[PDB]
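*Asks:* Given only the sequences and the hints, what does the whole structure look like? Please build it.
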Amino acid sequence: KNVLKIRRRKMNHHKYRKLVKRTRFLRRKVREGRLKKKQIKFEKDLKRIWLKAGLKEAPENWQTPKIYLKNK
Amino acid sequence: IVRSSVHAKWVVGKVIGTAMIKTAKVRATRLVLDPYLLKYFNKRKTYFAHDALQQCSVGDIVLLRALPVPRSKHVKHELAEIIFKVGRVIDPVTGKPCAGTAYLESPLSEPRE
Amino acid sequence: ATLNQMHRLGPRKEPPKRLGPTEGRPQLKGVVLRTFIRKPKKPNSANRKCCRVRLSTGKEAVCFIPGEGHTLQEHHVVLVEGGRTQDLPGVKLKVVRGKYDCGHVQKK
Amino acid sequence: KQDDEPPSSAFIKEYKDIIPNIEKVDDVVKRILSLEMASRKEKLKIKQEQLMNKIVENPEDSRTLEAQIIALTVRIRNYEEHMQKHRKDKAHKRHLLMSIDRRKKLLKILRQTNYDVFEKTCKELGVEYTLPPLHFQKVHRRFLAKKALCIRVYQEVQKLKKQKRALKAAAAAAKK
RNA sequence: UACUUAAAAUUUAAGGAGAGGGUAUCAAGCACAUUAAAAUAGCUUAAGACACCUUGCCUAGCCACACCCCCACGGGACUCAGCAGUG
RNA sequence: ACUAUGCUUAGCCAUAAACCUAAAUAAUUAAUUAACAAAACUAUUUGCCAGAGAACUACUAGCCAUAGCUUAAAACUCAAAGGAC
Ligand SMILES: [K+]
Ligand SMILES: [K+]
Ligand SMILES: [K+]
Ligand SMILES: [Mg+2]
Ligand SMILES: [Mg+2]
Ligand SMILES: [Mg+2]
Ligand SMILES: [Mg+2]
Ligand SMILES: [Mg+2]
Ligand SMILES: [Mg+2]
Ligand SMILES: [Mg+2]
Ligand SMILES: [Mg+2]
Ligand SMILES: [Mg+2]
Ligand SMILES: [Mg+2]
Ligand SMILES: [Mg+2]
Ligand SMILES: [Mg+2]
Ligand SMILES: [Mg+2]
Ligand SMILES: [Mg+2]
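Chains as they are written, first to last, in the deposited numbering: chain 3, 129 to 200; chain N, 3 to 115; chain J, 31 to 138; chain L, 62 to 237.
Since the hints were made in silico from the structure, they are not lab data.
Just to be clear, a hint being listed does not mean it is correct.
[Claimed, not checked] Simulated pairs of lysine to any residue, SDA-like, Cα-Cα distance not exceeding 20 Å: (1) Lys41 (chain N) - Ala31 (chain J); (2) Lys166 (chain L) - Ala10 (chain N); (3) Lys223 (chain L) - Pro187 (chain 3); (4) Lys62 (chain L) - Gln111 (chain L); (5) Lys207 (chain L) - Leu179 (chain 3); (6) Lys194 (chain 3) - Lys207 (chain L); (7) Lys208 (chain L) - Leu179 (chain 3); (8) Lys129 (chain J) - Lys43 (chain J); (9) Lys24 (chain N) - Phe50 (chain N); (10) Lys146 (chain 3) - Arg159 (chain 3); (11) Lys16 (chain N) - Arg32 (chain N); (12) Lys172 (chain 3) - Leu210 (chain L); (13) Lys59 (chain J) - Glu111 (chain J); (14) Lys172 (chain 3) - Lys165 (chain L); (15) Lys165 (chain L) - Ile18 (chain N); (16) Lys87 (chain N) - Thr174 (chain L); (17) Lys124 (chain J) - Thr65 (chain J); (18) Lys181 (chain L) - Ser7 (chain N); (19) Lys169 (chain 3) - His201 (chain L); (20) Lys225 (chain L) - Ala181 (chain 3); (21) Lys59 (chain J) - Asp131 (chain J); (22) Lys220 (chain L) - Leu183 (chain 3).
*Replies:* Dropping the structure here:
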């Protein structure tokens, strides 16, 4: 078979790689902010749980782990 | 001595768990007809059963009797009998211990032990 | 698929029928906003008479005006219907001749 | 380690029962036919035979589930010793993990067929059998952290209830 | 409706053999269990839990609603979704 | 001409036309030519597919991955695209 369908994907992937290259710095700031919102949503979801259970403060010796930050 | 309301007056199933005190979680299966294919498949249900003596082990076939009054929200049956014990089956036809499709004790013999 | 696989999935999942320019309604009433010409994609050649309208739903759409010659102007009221103009891409509505301000084509 | 390791003076399994019959054999000949001048594979044939005698009712049969389990316990401990020196051998790490899984499958069938034999084999071979969990549990940082708090929140709520019950009962006792 | 005690119609409550919409890019829910000396650490879930969205269905008919606040002590923007009629 | 790099020691990344483009298992070779390729075909079980493009994309979650990988749409456009000859 011909490679025509592969050529379409070849151009799509090439053009996408250069688009990511152009806006690489913008994408980095988008991600750090999407992860920060991802963390706040995680923290709030944990606060909802204990408040609904009837606790007025989080369980003793508990600190929500920061799981989306540059910990590794 | 009125009997239970529940439809399942007698249910057979396998003991899939025994981590609750004096209770055995049992999985029963029934055959339900697929209307499109007109073939029977297995619909399985979970039944909590009162195991008074904690004499049940995971994997054994058991017979449950519907309790007249529900003991709790989910415990509405008791353990009538253990049809097959896991690994300790006794052949109904001959009465001799078996281990799969074989006799641990020959039916010709009469050990009476 | 095997009978066990057909049983676990059942009948084919059916994508919902998304609505069109009229929002699944026989007709809509709109007020003309502008009258302009659209060019039929190649290989056709014409100066097709179209107009923008604000429909009762509140959105704005481009509507082809059929017939030889229309008197439509801004602020006029028209009854739009479905039916795409094949040569005109994006024009999914048509005006009904003989209703509200739009009138029947003057016969020659 | 394990209670039994074959001595270096022991004969190989081919001549284990033949040299005793022979009236007189030199020290050198015994040393050539001992486990000191043999490969590791020979020392493993002696380890297995010892375990079959001490566990299996009929050591003549090697096709029973109990015997097959014993054959895999020697291999599993052999693969483990290999992997203690060859830390980056990925083919033998696969052999070790696949034999462990094979034993679990055989132990499951043994439990379902002959429970009495199953209990002895696990006690003698020192193999713990854990039953397969009904439901698979996913694991990732977000889940493990939420599941830890939820367990902690519950415990705190229950601890408070116990304290309240004690205080309520204590007040009632004083009134009585 | 009968009898000084029994036949119906019509409802209510607690349930369960089986059946019962969509999205799995909703994959975990977070107390959802059992025992009954009050301890045990359990319960549901890819055989689809939980979440969210959409729709009256079961059709000799049934279900829900009755100005709004799921309810209606209370409060509010204060009543035709009875017939006809109006904006 | 010369560097990153190909090498070694640890750790990471998890992608290939990773394709022999043919899942695994047990058969059967007559009652059997869409074309081409590596003859046809039955049973069992799982996975996957449902016009083309948009799209190895957007968003979501997981990940030692931070110009990344896996997961993977819709609007919109067309009356075809595609395979073999
Ligand atoms: K033309
Ligand atoms: K209401
Ligand atoms: K190839
Ligand atoms: Mg070629
Ligand atoms: Mg392209
Ligand atoms: Mg998405
Ligand atoms: Mg009103
Ligand atoms: Mg009301
Ligand atoms: Mg009226
Ligand atoms: Mg009224
Ligand atoms: Mg160099
Ligand atoms: Mg390298
Ligand atoms: Mg790939
Ligand atoms: Mg290759
Ligand atoms: Mg790629
Ligand atoms: Mg991507
Ligand atoms: Mg992404």
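*Asks:* Compare the structure with each hint and give your call.
*Replies:* Hint by hint, here is what the structure shows:
The hinted pair formed by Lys41 (chain N) and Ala31 (chain J) meets the criterion: a straight-line CA distance of about 15 Å does not exceed 20 Å. Distance hint between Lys166 (chain L) and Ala10 (chain N) is unfulfilled; the C-alpha atoms sit about 35 Å from each other, more than 20 Å. Simply put, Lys223 (chain L) and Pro187 (chain 3) have alpha-carbon atoms about 16 Å apart, close enough for the 20 Å limit, and the pair holds. Taken as a hint, the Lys62 (chain L) and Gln111 (chain L) pair is honoured in the structure, with Cα atoms around 16 Å apart against an allowance of 20 Å.
For the hint linking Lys207 (chain L) to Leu179 (chain 3), the alpha-carbon distance of about 14 Å falls within 20 Å, and the restraint holds. A hinted pair counts as satisfied when its Cα atoms are at most 20 Å apart, and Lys194 (chain 3) with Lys207 (chain L) qualifies at roughly 12 Å. Pair hint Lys208 (chain L) plus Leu179 (chain 3) holds up; C-alpha atoms about 16 Å apart against a cutoff of 20 Å. Pair hint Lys129 (chain J) plus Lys43 (chain J) does not hold up; C-alpha atoms about 42 Å apart against a cutoff of 20 Å.
Proposed proximity of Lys24 (chain N) and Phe50 (chain N) is supported: the alpha carbons are some 10 Å apart, at most 20 Å. The straight-line distance between the Cα atoms of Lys146 (chain 3) and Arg159 (chain 3) is roughly 19 Å, inside the 20 Å bound, and the hint therefore holds. Among the hinted pairs, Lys16 (chain N) with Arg32 (chain N) is consistent with the structure: their alpha-carbon atoms are about 12 Å apart, no more than 20 Å. Between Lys172 (chain 3) and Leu210 (chain L) the alpha-carbon distance is near 13 Å, which keeps this suggested pair within the 20 Å criterion.
Restraint check for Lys59 (chain J) and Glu111 (chain J): the C-alpha separation of about 9 Å stays at or below 20 Å, so the hint holds. Taken as a hint, the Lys172 (chain 3) and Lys165 (chain L) pair is broken in the structure, with Cα atoms around 43 Å apart against an allowance of 20 Å. Of the pairs offered as hints, the one joining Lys165 (chain L) and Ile18 (chain N) holds, with about 18 Å between alpha carbons and a cut-off of 20 Å not exceeded. Distance check on the hinted pair: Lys87 (chain N) and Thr174 (chain L) sit about 10 Å apart at the alpha-carbon level, within 20 Å; holds.
Straight-line distance between C-alpha atoms of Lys124 (chain J) and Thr65 (chain J) comes to about 14 Å, which keeps the hinted pair within the 20 Å bound. Taking the CA atoms of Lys181 (chain L) and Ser7 (chain N), the gap is about 46 Å. The hint is violated against a cut of 20 Å. Between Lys169 (chain 3) and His201 (chain L) the alpha-carbon distance is near 16 Å, which keeps this suggested pair within the 20 Å criterion. Restraint check: the Cα-Cα separation between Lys225 (chain L) and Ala181 (chain 3) comes to about 16 Å, which is no more than 20 Å; the hinted pair holds.
At roughly 11 Å between alpha-carbon atoms, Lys59 (chain J) and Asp131 (chain J) fall within 20 Å of each other, so this suggested pair holds. Simply put, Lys220 (chain L) and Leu183 (chain 3) have alpha-carbon atoms about 12 Å apart, close enough for the 20 Å limit, and the pair holds.
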